[PDB]
Amino acid sequence: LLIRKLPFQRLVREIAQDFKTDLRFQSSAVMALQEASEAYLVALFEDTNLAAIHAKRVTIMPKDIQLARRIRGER
Amino acid sequence: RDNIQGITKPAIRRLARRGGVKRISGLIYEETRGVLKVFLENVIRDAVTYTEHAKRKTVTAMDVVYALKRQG
Amino acid sequence: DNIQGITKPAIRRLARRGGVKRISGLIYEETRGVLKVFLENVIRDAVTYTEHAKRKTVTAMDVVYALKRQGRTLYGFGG
Amino acid sequence: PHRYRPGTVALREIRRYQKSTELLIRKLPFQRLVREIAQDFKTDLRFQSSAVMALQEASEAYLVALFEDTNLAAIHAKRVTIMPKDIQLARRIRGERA
Amino acid sequence: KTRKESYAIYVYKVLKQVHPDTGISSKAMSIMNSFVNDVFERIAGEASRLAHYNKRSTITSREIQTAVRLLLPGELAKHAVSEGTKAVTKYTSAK
Amino acid sequence: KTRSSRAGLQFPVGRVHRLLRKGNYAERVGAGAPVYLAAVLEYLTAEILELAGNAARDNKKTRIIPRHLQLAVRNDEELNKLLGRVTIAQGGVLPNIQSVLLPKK
DNA sequence: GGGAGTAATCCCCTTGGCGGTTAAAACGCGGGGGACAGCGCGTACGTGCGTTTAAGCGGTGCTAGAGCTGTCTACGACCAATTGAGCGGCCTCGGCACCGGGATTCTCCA
DNA sequence: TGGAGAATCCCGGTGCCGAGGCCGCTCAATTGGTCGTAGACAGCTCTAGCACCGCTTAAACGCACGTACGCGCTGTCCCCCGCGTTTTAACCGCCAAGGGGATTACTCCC
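Chains as they are written, first to last, in PDB author numbering: chain A, 61 to 135; chain B, 24 to 95; chain F, 25 to 103; chain E, 39 to 136; chain D, 29 to 123; chain C, 16 to 120.
No wet-lab data here; the hints were simulated from the structure. Among the hints, a few may not be true.
Below, simulated DSBU-like cross-link-like pairs (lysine-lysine); rule was C-alpha separation at most 30 Å, straight line [as the list claims (entries may be wrong)]:
1) C:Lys-37 with C:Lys-16
2) D:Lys-106 with C:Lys-96
3) B:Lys-80 with A:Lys-65
4) B:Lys-92 with A:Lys-80
5) B:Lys-32 with B:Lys-78
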């Protein structure tokens, strides 16, 4: 795994405390969340790399991020 | 509070190098933190309401895989 | 082949509806190719469902099902 | 002789076909095309008219969305014309082509 | 002629309940009918999935509430939940 | 007498209950479930017909055309989120020309 | 004495063809503005090294809450009567498409 | 720069066809009752989730520094747009053969 486990679990408890208080989690659930998030960011970075190579450049830019999300279908 | 700084710059660099990215600009990090926050908001809402249907107080892995199958 | 009936000004009108100003001369062949691929997939699904339903003529409701299976649902034809 | 600068007719045509709603591809060439494709899978199949109209509506919607994505990819590379590599990029980001 | 079931008179009644001085065409009628059928099918399928996941054999109002909260976004989901619970309370409390 | 008037709704409840039993969604079906589903369908119909009526008034017409439904769903954010993957027959597209395409003289 | 095989048909829609004709695709050519290649520069990014910090591993302690079993009671399946909402056929008149003339409003360039 | 000029909105008249009310049937929603079992609720067990502490050491932070390339400018040439003119097939309207599932009569058998 690339992202450290403990800051990721602090992040998921922080982002889930706004939806229901006094919530608990299973360890398999946060492992699945970390795996899904890493797969999502790997696929996103691959698509923004193709967007950057289309623009005759080797360094990726934030405009590549919005191009990949907009052509992908997200908002 | 402000736990989005735990997704650090070298971890983002490893995630970019896994996808084959050679060079990284300095404004990439604040955008990829935002897209990670948006994705986690969209999954954890479905996980919370799947837990709330079962009258439970623990988010199980089955709720997580159901929430991920909702998005595809 | 009847793919040449999808002519140059039709593709031009389709591009001008999308907000495209200037068009290169090699857009048209790739547009015909992707249209043929899309039509082949949809007609394959439609013929599959009208064969499993055991009639000799395919209808509009069958192709509404066909576009529904690809996540491309269409409103306004009895669906 | 009066002659417009090259681009005014383009925006006029863009506004005119963004206001309208009438179908752009003609009816009978699309009918010939759908018969020619459908005779390859199974033989002696017949068509309702509403199925042909539904196929026309689907084709119009898919090609308009594809041209919008192609236009965004063309503007991203500091260009105004659209090229086939923009189309390949647009289909590869959507995931239609492996 | 055979009998065909539609939602045409009901959406016409709702349209006159909302805007009294507006008509509607046949193509728009077909679009609204297909819209109601598709949303009904989606909510019914999601409620069936919630029924199967918790090992239950009955679809109740709680399953429809959870399917509405899953499928609808934003304030529209909250307003639809409020209208549905008001209708259920009015139906149950009636004589 | 009828259950739609008891619920105080306009959409039918018995028809929804029959469509729920016919679809084999579950072995059993509850009592307030078609009431809830009819209320939700009526409410979604209410906003889509509101926005279609406002578009039809703005276009100086007295009848709803598919173009007004297209313009109604593509300017509201939540309805465009809900109907993102759905296409409307005889609808057209929104007027949108990008900023760099304008003749900057 | 009633159920069943065979044929004509009244439609219902589909496919093929035949003539006119007319909008409309197709071909051609000037030329202008945009795609593409090359170069200069200066700043922002990768690499290296000291250094700090917090993740990870282990270990213990405690308890909320998942998970399973028992009992029963309210609630939904289901059947006969029945009757009012909801389907289909019919008729009409107003809203909207369209033609035509006119005033208004972008666009080019001297 | 303002007039020419071509496109575009606006207003009035025509007409035509489908949106929408009305009548009549009919069949599925509603009432009432019976019966079997699905899950509501309590209670018990005991797993695993959370809190806290301490040590170690790889990971990250911050800064110096070289230099690679992103971006702006300039030049070239070429290829697609605007418009005029020629050919062509979509379209409309009609006509006819015919596949096809339900609608009748005509006739036969246990």
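Checked hints:
no. : hint                    : verdict
1   : C:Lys-37 with C:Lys-16  : 24 Å, holds
2   : D:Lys-106 with C:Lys-96 : 15 Å, holds
3   : B:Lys-80 with A:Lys-65  : 22 Å, holds
4   : B:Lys-92 with A:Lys-80  : 22 Å, holds
5   : B:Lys-32 with B:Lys-78  : 39 Å, violated
When the structure is compared with the earlier hints, a violation turns up for hint 5 alone.
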